[PDB]
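In the block that follows, a single chain appears as structure tokens, in the form deposited without the named molecule.
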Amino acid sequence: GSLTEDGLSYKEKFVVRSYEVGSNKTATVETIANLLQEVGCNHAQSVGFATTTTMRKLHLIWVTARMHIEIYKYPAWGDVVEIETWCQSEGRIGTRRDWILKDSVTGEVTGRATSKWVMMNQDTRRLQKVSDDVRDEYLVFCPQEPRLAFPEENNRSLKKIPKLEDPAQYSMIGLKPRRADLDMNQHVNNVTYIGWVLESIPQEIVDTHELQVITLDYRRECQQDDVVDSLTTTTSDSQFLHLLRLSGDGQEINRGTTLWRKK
């Protein structure tokens, strides 16, 4: 991995591994989600971070609010995938990290992703608008002209996800995170939520369709000792509405939509 010539984005090549591919011999969306996280961490480290000097002193962290992924073609085991990432400012709302997935040989675009991040106090789990003195430290690493992975005026990533009404058509109950589902700071990482959402997709859809789009709205963080229920309903290409909630009280932690295409 390395910073581009202008230092305003990062490129990294990954060779797809045997344990990273699924039932159809191509990479899983959870492996892709890990590769986006990895390329994002190396971009943050190549610029000197992923928090800034002042936001470290204030006990401030960046948390994901939304994730949108679109895959046209999944790389096969042994294929080389080049990913390009970059940050941008969204005024006082937060930051946006974008990604482009390309084929190393053909040079074609095989996928793209976008995510919205919000700023919160590490301890009180509050939420606050981006302060100006914080923006001045990280804006020198973002391109000044807007660079959108999903440019198109009203595309797919910025649509409001509704709440799944009961009874759900499909469900997967009693989901618990293991120690491998936790990050270096013992927090359940945002890739596990994608896996948990897909656990309630019927096996017949898995065997006849391929995942093309996935939008996830993060509402609350799941804890190490928490139990989650995964709910899904066909809203239609096959489309679904998903809901992750705490097994007991039914407190919402995530809501999303997936779109599948016929193989």
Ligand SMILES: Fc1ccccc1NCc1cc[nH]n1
Second form
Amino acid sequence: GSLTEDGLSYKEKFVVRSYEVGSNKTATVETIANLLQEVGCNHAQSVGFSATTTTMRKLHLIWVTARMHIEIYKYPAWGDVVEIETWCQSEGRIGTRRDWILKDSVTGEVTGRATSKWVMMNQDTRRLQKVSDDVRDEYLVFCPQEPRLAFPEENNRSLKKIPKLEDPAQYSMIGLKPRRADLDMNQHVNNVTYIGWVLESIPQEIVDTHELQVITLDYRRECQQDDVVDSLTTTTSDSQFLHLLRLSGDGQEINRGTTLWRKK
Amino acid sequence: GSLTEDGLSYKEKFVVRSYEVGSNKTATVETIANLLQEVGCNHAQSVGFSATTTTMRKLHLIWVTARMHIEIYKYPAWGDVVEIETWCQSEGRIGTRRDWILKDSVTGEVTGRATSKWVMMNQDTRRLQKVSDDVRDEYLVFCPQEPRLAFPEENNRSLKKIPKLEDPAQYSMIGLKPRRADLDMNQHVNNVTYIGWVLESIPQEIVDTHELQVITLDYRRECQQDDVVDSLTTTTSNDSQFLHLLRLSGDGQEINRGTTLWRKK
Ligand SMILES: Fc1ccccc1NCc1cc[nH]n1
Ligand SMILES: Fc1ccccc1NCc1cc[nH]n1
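Previous: the form deposited without the named molecule; requested now: the form solved in complex with the named molecule:
Then the entire complex follows, led off by the chain already shown.
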């Protein structure tokens, strides 16, 4: 991969792997979400960042995902080359936004797009902190100054408030626990695992007859390595679902989201 | 990737990803095992296979892994390029053997190696069968004629018989179930998931203080999508060795047995 000519975004090509595809021989949404974080990390590395921290290391400050919104028009097939461009932007003292555009390397057509909201927090106390002033200046030289949005439509799906699922859930997948392949290099559960756990409560008939078009996911609390998760789903409708991930025990909320699916 | 000059093996380079590494910032054994199957798949596609033949597809025959043996000397770090060469060989009517050599792309040094035993089975009845001569001839033109082994040693670990773990197991990880990311394109559990399930019953102190050097895994039965698995481990041993058993949580039906060797970091 490489930074673009202006140095304000990063591009990278990926060839879709055999173990990365689902039953329709096209890349899963978890493979797409993993490629999004891989190009995000390479963008950070190329411009001198680590959680993508700056001098926040001495203050014990990290970047954490609050929301992830993915929209896929065409899933790349096994053997296809997919090119992904990513960039960040400051959104005031609330946090930063990272966006992505996914294209077909051959035709040059947009096959997908994603946007994510990130907040600053203290890694130890887990307390959210508003983005200071001299931390803002450190990142600004790597972001476009004019707004550049993957989801430009004012008041779009990525900015829509998500409600809390009411019991009883229509569908459920209980006793979900992470294994070592679900942990990142810092032994925390990978953000991508939570996407798979949400999709576990979608009935197989929906997965077999439909294709996932949109996914919006709020990250309210992290699931520890020794935690057990319940995945809940209710149809709100194309097919739409409201989702909730919570601790199997006391029912403490870890995620809430929505998915939109289209008939194949 | 590409077939070598003689067309009897296939090479491919992989750059290690951020989400592919463990706590010590090096590629996990599950990442390595996934790259081994990816180059195996690309070798098959380059020579006109699915890895079944049109003769095998009309008979509903498939190749299935009976045993996987991996030995890693140095795990590639995040950002490193690793080159893998793979080739197959007929082992008579019992089945085929697929081998791998993993090298550092920069220094050219061997950082790992693997060998797997594959048998033929009817897709539907799950009944095994010895390889027919017309099927044997179809693959022979893609394999070296002289023996070419990743594990040539007189007394090598890849061909040792594995015993059955006796209850009570020293350690256990109960209620393991596969999710959709654990299924392959044919909705079967990926062979790599079984490796992760075996390693789940290794205590975290071992994982944190040691590095996995060797893993031998027998595949006895398949885990269905709706099945629940128990992972059992007992220390059999500076080096640390373990005997492993995967079985259905309910009736205790065996699905895997294996051994792992670990060395102090
Ligand atoms: F890694 C970067 C490259 C260019 C501009 C900004 C960053 N970091 C900010 C950030 C927060 C969450 N992801 N990225
Ligand atoms: F796919 C191949 C390429 C070249 C020679 C042989 C094969 N197939 C045999 C095989 C592979 C795994 N199990 N059995």
